[PDB]
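K.L.:
Here are the chains, one letter per residue:
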Amino acid sequence: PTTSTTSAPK
Amino acid sequence: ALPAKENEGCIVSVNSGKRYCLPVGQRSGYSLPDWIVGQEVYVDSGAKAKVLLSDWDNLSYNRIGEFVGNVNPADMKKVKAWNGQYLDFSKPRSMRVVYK
Ligand SMILES: *[C@H]1O[C@H](CO)[C@H](O)[C@H](O)[C@H]1NC(C)=O
Ligand SMILES: *[C@H]1O[C@H](CO)[C@H](O)[C@H](O)[C@H]1NC(C)=O
Ligand SMILES: *[C@H]1O[C@H](CO)[C@H](O)[C@H](O)[C@H]1NC(C)=O
Ligand SMILES: *[C@H]1O[C@H](CO)[C@H](O)[C@H](O)[C@H]1NC(C)=O
Ligand SMILES: *[C@H]1O[C@H](CO)[C@H](O)[C@H](O)[C@H]1NC(C)=O
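For the record, the sequence lines run as chains M and A.
For the first sequence, PDB author numbering assigns the number 4 to the initial residue and increments by one for each residue that follows.
For the second sequence, PDB author numbering assigns the number 799 to the initial residue and increments by one for each residue that follows.
Do not rely on the hints blindly, as some may be mistaken.
[To be verified] DEER-style ranges, computed between Cβ atoms:
#1 M:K13 to A:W880: 39 to 45 Å
#2 M:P4 to A:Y884: 22 to 28 Å
#3 M:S10 to A:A845: 23 to 29 Å
[Claimed, not checked] Residues from chain A shown here face chain M by an in silico Cβ test under 7 Å; the list is partial:
#4 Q837
#5 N856
#6 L857
#7 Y897
If you're looking for bench data, these hints aren't it; they were derived computationally from the structure.
For each residue, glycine too, the CB sits at the ideal point set by N, CA and C.
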């Protein structure tokens with residue numbers, strides 16, 4: 004749940 | 799080149815020998831610095847430290863492998879990750895150092 008994530012390229 | 803101090807963890811570029819180190823208790827930026835990110839590395843973790851790596855940015859999705867001592871990249875290619883898979887951490891994009 005409380006895992007880090009990334010953003011898709013912007 | 800210079801060995802990790804006891805409370806520090808390092809990765810070292812195989813191509814250049816340049817070291818990227820963090821004290822215990824710190825993590826990288828979203829990505830490692832441009833001068834090292836995604837280059838092949840060895841681990842040199844200090845005597846009291848453990849290096850956490852991800853093959854992705856931002857220590858993300860439990861794609862995290864644990865490394866102590868001196869580890870060569872050939873041994874980093876199929877490593878049990880927090881997410882249950884065997885991942886390749888030899889070209890990491892993010893890092894955290896903790897106490898062993
Ligand atoms: C994330 O935080 C929650 C808070 O309830 C739990 O501590 C959970 O186990 C945590 N997960 C991870 C991957 O750290
Ligand atoms: C993942 O990144 C978040 C920020 O987006 C937090 O720094 C979190 O602690 C990271 N997870 C790990 C395991 O370091
Ligand atoms: C990653 O995505 C999650 C959504 O699943 C959160 O938006 C989180 O803030 C994101 N982290 C980063 C660093 O973009
Ligand atoms: C964020 O970046 C990682 C790589 O660092 C993965 O490509 C992940 O799938 C990305 N997340 C999103 C939401 O695109
Ligand atoms: C963190 O990563 C785990 C990996 O199993 C899940 O994709 C989780 O949904 C992520 N956290 C958020 C906030 O999207």
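K.L.:
Holds or violated: A:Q837 as interface residue toward chain M, Cβ cutoff 7 Å?
P.N.:
violated, 19 Å
K.L.:
Against chain M, run the beta carbon of A:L857 and see if the smallest gap drops under 7 Å.
P.N.:
holds, 5 Å
K.L.:
Less than 7 Å between beta-carbons is the criterion; does A:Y897 satisfy it with respect to chain M?
P.N.:
violated, 20 Å
K.L.:
How about A:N856: closest beta carbon in chain M under 7 Å, or not?
P.N.:
This hint holds: A:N856 lies near chain M, its Cβ roughly 5 Å from the closest one there, short of 7 Å.
K.L.:
May I ask you to test the hint 39 to 45 Å on the CB atoms belonging to M:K13 and A:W880?
P.N.:
violated, 27 Å
K.L.:
Quick one: are M:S10 and A:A845 within 23 to 29 Å, going by C-beta?
P.N.:
violated, 36 Å
K.L.:
Okay, M:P4 versus A:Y884 on CB: inside 22 to 28 Å?
P.N.:
The hinted range 22 to 28 Å holds for M:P4 and A:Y884, with Cβ atoms some 23 Å apart.
Of the numbered hints stated above, those contradicted by the structure are hints 1, 3, 4 and 7, listed in ascending order.
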